[PDB]
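Taking it in order: structure first as structure tokens, then the write-up.
Of the protein chains in this complex, all but one are displayed in their positions.
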Amino acid sequence: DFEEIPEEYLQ
Amino acid sequence: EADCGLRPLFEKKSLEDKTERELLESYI
Partner (left out) sequence: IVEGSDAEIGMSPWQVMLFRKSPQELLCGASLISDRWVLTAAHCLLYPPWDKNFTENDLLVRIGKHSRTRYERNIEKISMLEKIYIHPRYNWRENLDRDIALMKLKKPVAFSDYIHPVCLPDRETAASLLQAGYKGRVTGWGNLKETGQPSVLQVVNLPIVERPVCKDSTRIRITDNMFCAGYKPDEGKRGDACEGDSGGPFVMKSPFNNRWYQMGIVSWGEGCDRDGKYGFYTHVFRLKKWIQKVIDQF
């Protein structure tokens, strides 16, 4: 149930 | 490290959290 985190932290 | 363990919203303001006294009272 986690809100998506900004894509920059997954790049 | 110099400032470690002193919380901005508590110790740095001289405000006490709702249960820290329970810890102090146990340090007999």
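A and B are the chain letters, set down in written order, and residue numbers restart from 1 in every chain.
Criterion: contacts are C-beta pairs under 8 Å (C-beta built on N, C-alpha and C of every residue); 3 or more make two chains touch, one makes a residue touch a chain.
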Contact set of chain B toward the excluded chain (per top definition): 1, 3-11, 17-20, 22-24, 26-28
Footprint left on chain A by the chain that the document does not show: 1-6, 9-10
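Assume only the chains that are shown with their structure count from here on.
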Chain centre separation in whole Å, for chain B relative to chain A (CA means): 33
